[PDB]
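Engineer: Starting from the structure of chain Yg, add chains Yy, Yz and Yx where the hints point.
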Amino acid sequence: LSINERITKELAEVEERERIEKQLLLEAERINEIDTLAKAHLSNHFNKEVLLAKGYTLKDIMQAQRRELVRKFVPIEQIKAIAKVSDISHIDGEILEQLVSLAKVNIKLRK
Amino acid sequence: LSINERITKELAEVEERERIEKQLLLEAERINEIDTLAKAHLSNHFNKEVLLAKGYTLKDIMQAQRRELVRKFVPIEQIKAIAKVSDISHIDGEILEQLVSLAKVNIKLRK
Amino acid sequence: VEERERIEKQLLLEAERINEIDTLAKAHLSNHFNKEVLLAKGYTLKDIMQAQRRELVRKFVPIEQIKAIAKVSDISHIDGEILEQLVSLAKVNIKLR
Amino acid sequence: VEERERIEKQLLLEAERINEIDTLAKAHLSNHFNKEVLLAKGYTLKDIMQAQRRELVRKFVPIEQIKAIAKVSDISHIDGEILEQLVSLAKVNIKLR
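As given, the protein sequences belong to chains Yg, Yy, Yz and Yx, one line each in that order. Heads up: take any position in the first sequence, counting from 1, add 52, and you land on the entry's author numbering. Heads up: take any position in the second sequence, counting from 1, add 52, and you land on the entry's author numbering. Heads up: take any position in the third sequence, counting from 1, add 65, and you land on the entry's author numbering. Heads up: take any position in the fourth sequence, counting from 1, add 65, and you land on the entry's author numbering.
I should point out that these hints are in silico values taken from the structure, not numbers from a laboratory. Watch out, some of these pointers could steer you wrong.
Said to hold, decoys possible - Here are the computed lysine-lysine pairs in the BS3-like style, where the Cα-Cα straight-line distance is at most 27 Å: (1) Yg:61 / Yy:100; (2) Yy:100 / Yy:160; (3) Yx:156 / Yx:132; (4) Yy:74 / Yz:160; (5) Yz:136 / Yy:111; (6) Yg:61 / Yy:132; (7) Yy:156 / Yx:91; (8) Yy:136 / Yz:124; (9) Yz:156 / Yy:156; (10) Yx:74 / Yy:100; (11) Yy:91 / Yy:106; (12) Yy:91 / Yx:100; (13) Yz:124 / Yz:74; (14) Yx:100 / Yx:111; (15) Yz:132 / Yz:156; (16) Yy:111 / Yx:74; (17) Yg:111 / Yg:100; (18) Yg:163 / Yg:132; (19) Yy:111 / Yy:74; (20) Yz:160 / Yz:132; (21) Yg:91 / Yg:160; (22) Yy:136 / Yy:111; (23) Yy:111 / Yx:111; (24) Yy:74 / Yx:132; (25) Yy:111 / Yx:100; (26) Yz:74 / Yz:156; (27) Yx:100 / Yx:74; (28) Yy:106 / Yx:160; (29) Yz:136 / Yz:156; (30) Yy:163 / Yz:106; (31) Yz:111 / Yz:156; (32) Yy:91 / Yz:132; (33) Yy:124 / Yz:160; (34) Yy:111 / Yx:91; (35) Yz:136 / Yy:160; (36) Yy:91 / Yx:156.
Chain Yg on its own, in the form it takes in the complex:
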């Protein structure tokens, strides 16, 4: 193959590694945000240490903290406007992200 094939391959590999690095930074920021939210707005019983002792995955801890934050801040008048039902006992993901963004807005306006 001519060198232009690597003129795109060499750049593609570097860009892929850069995107992976950016993803790692994003995950680190997400962990930091979850830690700050759990420390500031949620009880000590929902700490990562005690949850891990009870034996829950890190992603499970993050989604549980997010769910508790949503129930605490976002009222049902928005939970049933986004998730369309009040409780989110088994619900997490994109609606959970929208709801935690709404909860961040809620705490910002509460302060």
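Structural biologist: Same frame as chain Yg, but now just chains Yy, Yz and Yx:
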């Protein structure tokens, strides 16, 4: 073989050697120009050291640098006009020489 | 008769090209290079068209591109595919103008 | 025609080598050994290149390397693979300089 045949053969051989010498000087100037262009207008990622280490021919290095310079300087409309196509990955040759001449004119007017 | 039909198609194509070149040249260059006055001065149709194309190149395509792409500063004898490239570049220049 | 293509490839290779040698020699040795003035004095291209290489060896490669690696103190008649080794050592010397 006559005496005039001997003379014309000798002159033909001498002129052929002189033309070969001129071709060598022309290729020398081409390599020097590509080196200067790569050092001045293109990033160090496309350096001759790494491109040679990637096991690619020097002509492939030259044409890759030329294509990068054309994409950087010559506008896409001018590329689509002169080369009749947007992609330059298969346009190496005399059309590429015209494109890099246009890129040199572009950088001269930019300066 | 299909050979003559294709010949007529080519005639229509070149006539449309000539018409477009003349219409843009009248509004771009001058009225002195009009087809009627050039014919009165005694230039054939192809000579008129090539002279108009060369004037268009001299007006739009910069002299640096003339001496680089066409390899000669003088457009007087450059007619051909290089002239086609020059008029294409002139079209690009007037489009961006 | 592929034989001629490979001959042209070898021409390109030696032309690039001549380019590198001349470009570094102009900035390292002097302007008196320029290709134009040497041609005016009447030296062929190969003679010019070998003379420039020998001057590069005399400038970078020390005399002890000359008299041991090449087995002779004079670089006057050492041309060949030994000359290639000497010019590579000179390139090493200028790299470390």
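Engineer: Give a verdict on every hint.
Structural biologist: We went through each hint and held it up to the structure:
{"no.": "1", "hint": "Yg:61 / Yy:100", "in the structure": "holds (17 Å)"}
{"no.": "2", "hint": "Yy:100 / Yy:160", "in the structure": "holds (24 Å)"}
{"no.": "3", "hint": "Yx:156 / Yx:132", "in the structure": "holds (18 Å)"}
{"no.": "4", "hint": "Yy:74 / Yz:160", "in the structure": "violated (42 Å)"}
{"no.": "5", "hint": "Yz:136 / Yy:111", "in the structure": "holds (23 Å)"}
{"no.": "6", "hint": "Yg:61 / Yy:132", "in the structure": "holds (24 Å)"}
{"no.": "7", "hint": "Yy:156 / Yx:91", "in the structure": "holds (25 Å)"}
{"no.": "8", "hint": "Yy:136 / Yz:124", "in the structure": "holds (23 Å)"}
{"no.": "9", "hint": "Yz:156 / Yy:156", "in the structure": "holds (21 Å)"}
{"no.": "10", "hint": "Yx:74 / Yy:100", "in the structure": "holds (18 Å)"}
{"no.": "11", "hint": "Yy:91 / Yy:106", "in the structure": "holds (19 Å)"}
{"no.": "12", "hint": "Yy:91 / Yx:100", "in the structure": "holds (25 Å)"}
{"no.": "13", "hint": "Yz:124 / Yz:74", "in the structure": "violated (31 Å)"}
{"no.": "14", "hint": "Yx:100 / Yx:111", "in the structure": "holds (11 Å)"}
{"no.": "15", "hint": "Yz:132 / Yz:156", "in the structure": "holds (18 Å)"}
{"no.": "16", "hint": "Yy:111 / Yx:74", "in the structure": "holds (10 Å)"}
{"no.": "17", "hint": "Yg:111 / Yg:100", "in the structure": "holds (11 Å)"}
{"no.": "18", "hint": "Yg:163 / Yg:132", "in the structure": "holds (24 Å)"}
{"no.": "19", "hint": "Yy:111 / Yy:74", "in the structure": "holds (19 Å)"}
{"no.": "20", "hint": "Yz:160 / Yz:132", "in the structure": "holds (22 Å)"}
{"no.": "21", "hint": "Yg:91 / Yg:160", "in the structure": "holds (16 Å)"}
{"no.": "22", "hint": "Yy:136 / Yy:111", "in the structure": "holds (23 Å)"}
{"no.": "23", "hint": "Yy:111 / Yx:111", "in the structure": "holds (24 Å)"}
{"no.": "24", "hint": "Yy:74 / Yx:132", "in the structure": "violated (36 Å)"}
{"no.": "25", "hint": "Yy:111 / Yx:100", "in the structure": "holds (25 Å)"}
{"no.": "26", "hint": "Yz:74 / Yz:156", "in the structure": "holds (24 Å)"}
{"no.": "27", "hint": "Yx:100 / Yx:74", "in the structure": "holds (23 Å)"}
{"no.": "28", "hint": "Yy:106 / Yx:160", "in the structure": "holds (22 Å)"}
{"no.": "29", "hint": "Yz:136 / Yz:156", "in the structure": "holds (20 Å)"}
{"no.": "30", "hint": "Yy:163 / Yz:106", "in the structure": "violated (45 Å)"}
{"no.": "31", "hint": "Yz:111 / Yz:156", "in the structure": "holds (20 Å)"}
{"no.": "32", "hint": "Yy:91 / Yz:132", "in the structure": "holds (26 Å)"}
{"no.": "33", "hint": "Yy:124 / Yz:160", "in the structure": "holds (21 Å)"}
{"no.": "34", "hint": "Yy:111 / Yx:91", "in the structure": "holds (25 Å)"}
{"no.": "35", "hint": "Yz:136 / Yy:160", "in the structure": "holds (17 Å)"}
{"no.": "36", "hint": "Yy:91 / Yx:156", "in the structure": "holds (21 Å)"}
Violation of the numbered hints given earlier is confined to hints 4, 13, 24 and 30; the remaining hints are satisfied by the structure.
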